Amino acid sequence: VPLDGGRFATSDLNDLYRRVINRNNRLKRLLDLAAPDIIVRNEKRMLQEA
Amino acid sequence: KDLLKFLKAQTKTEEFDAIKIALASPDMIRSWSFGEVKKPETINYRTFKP
Amino acid sequence: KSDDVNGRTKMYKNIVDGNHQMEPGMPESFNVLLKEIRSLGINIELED
Amino acid sequence: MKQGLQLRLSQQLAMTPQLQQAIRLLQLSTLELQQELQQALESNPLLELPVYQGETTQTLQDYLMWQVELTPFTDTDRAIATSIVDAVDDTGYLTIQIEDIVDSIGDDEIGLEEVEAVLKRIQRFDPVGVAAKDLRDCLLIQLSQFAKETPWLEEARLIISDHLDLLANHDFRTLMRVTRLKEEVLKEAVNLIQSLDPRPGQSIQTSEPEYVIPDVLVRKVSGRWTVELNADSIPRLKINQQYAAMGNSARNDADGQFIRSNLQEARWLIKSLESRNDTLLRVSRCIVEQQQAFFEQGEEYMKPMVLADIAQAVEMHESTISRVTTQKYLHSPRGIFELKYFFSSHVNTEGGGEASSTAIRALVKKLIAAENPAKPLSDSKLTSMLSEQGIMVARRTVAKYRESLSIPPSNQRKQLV
DNA sequence: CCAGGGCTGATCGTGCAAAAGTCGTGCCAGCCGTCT
DNA sequence: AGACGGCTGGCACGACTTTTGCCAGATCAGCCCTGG
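Residue numbers (the entry's author numbering), protein chains in the order written: chain W, 253 to 302; chain D, 2 to 51; chain A, 1294 to 1341; chain P, 1 to 48, 109 to 477.
Quick caveat, the hints were computed from the structure, so don't treat them as lab data. We put the CB at the ideal spot given by N, CA and C, even for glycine.
Here are the simulated distance ranges between beta carbons: (1) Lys474/P x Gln11/D: 48 to 56 Å; (2) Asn1312/A x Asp150/P: 33 to 41 Å; (3) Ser221/P x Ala261/W: 52 to 60 Å.
The whole structure should be built from the sequences, with the hints applied where relevant.
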């Protein structure tokens, strides 16, 4: 349902999905790099909140 | 395909008695799903394709 | 008169042909509700 | 005067792999840049009512299926009609041929005559001349539909039957001597053929959206326009304070080195992105400075330029400017163009000056358009009046410009007055 | 306790050139208009 | 009806543009070890 046509600007159902997807991607690619415990736990906390 | 029963199979429904509800297992979710999403991008604005 | 997609066209055809018969089927909003519930970790389906 | 291995320095150069990555970072557009930038953001951890439920629209295929639902076909006829209408383009002409449709059905009983019967049954649907095999059997349907009372109908049918090439080549004299038809009384019959709505299925829905994205902005401040970058479109990265304030506190060497390396990489990336933005802005400002006349006066008043001309005005290299000016769309009051569109080949004119190729092409466009319809202007005459203007390009270049402009040759566009 | 030596990492750097590509302009072949 | 002139396009040939593909090292400053 685009507003101005140039950009659709999906809202209220895709913003949450985008947040979850990008945060999960960052956490997954940070988990295998032997990241520090504080950073990985903080990222997991934000994933839980999302 | 004979193209004459393929069209008739589209418009069909079950008896659908006694709807139930229960907790979903990860195996059940993977059975529901057809693929896994990996990127937050929704639509490309260069070609307007999925 | 509503979201029964496969039934609206059939009723219109029967009315134009002069039959006045109904094929009820199943509303689309109930399918939408089932999909929205399954989008949460809750299994739900219709038995037989 | 010899062959001998010799050596003498006059140049200097140096580069590293991460510098190569940073220099290729500016070759690509912003929308494609953001994908790779998000990819690096995902790897580096210390870097960082509404309208819904629109209406359903009625396209041509849906409308034709709707009309099929209310017509009395058998089950086999309905399946054939569904396949046929599925194989229908937006313009209204079916894409695959009838034997292909028969193969798609794949039934021994199904025959070409049966498929023809069903197709001709659906030919009479609301958009007349829809689902026609080609142009020949689309105009003929409407000619047959029109009542016999209007004149020149038989003439129009005779021309449209088997003289399609004869009309397409605009060879009116041979068309006359082939049809034995009236002199200059055929013009109204040809006009009747003209007023026949080719491509009838197009008019079922014509909504086209607006898809424009600007990379560089220019606005006229009462003369000597100044150029600004797109604030929303430009990317930007910000260092993360939480993780930047825990590298020293950590007492583990592994964690400390991890945070140090990621800080180094993030700062280098931020610096490279800022440098790319600055270089793009400088290049855009310089090209708009050298193209101030064209924005004011039009395309045909454009001075030719080469990458050397714009590279000498700055301290960058020709290769650097070429890499920057790819897939960049700048927005101007006249419209949206590309940064690479400005550069063009030059041709020498009379008096020692040179004229840009695109300018001469636009001039040829307007000169050809503003011509008498009875006598077309050919390439040689075009060269002649261009030489009169003083441009004196060759007839070969005139033909190339006319062809790239998609205008057919002069002898092809001749028409009855 | 103060000064000299070692050592490690932090910091600097967006151009040169070779080859593909594009440009303009000529040469020649094939189809068409027209007078004899 | 045939020849002559003309128009158009494919192909070729210099002349000039533009596009990509290169892959570190030395040098300096602060800290630690050690001699006076």
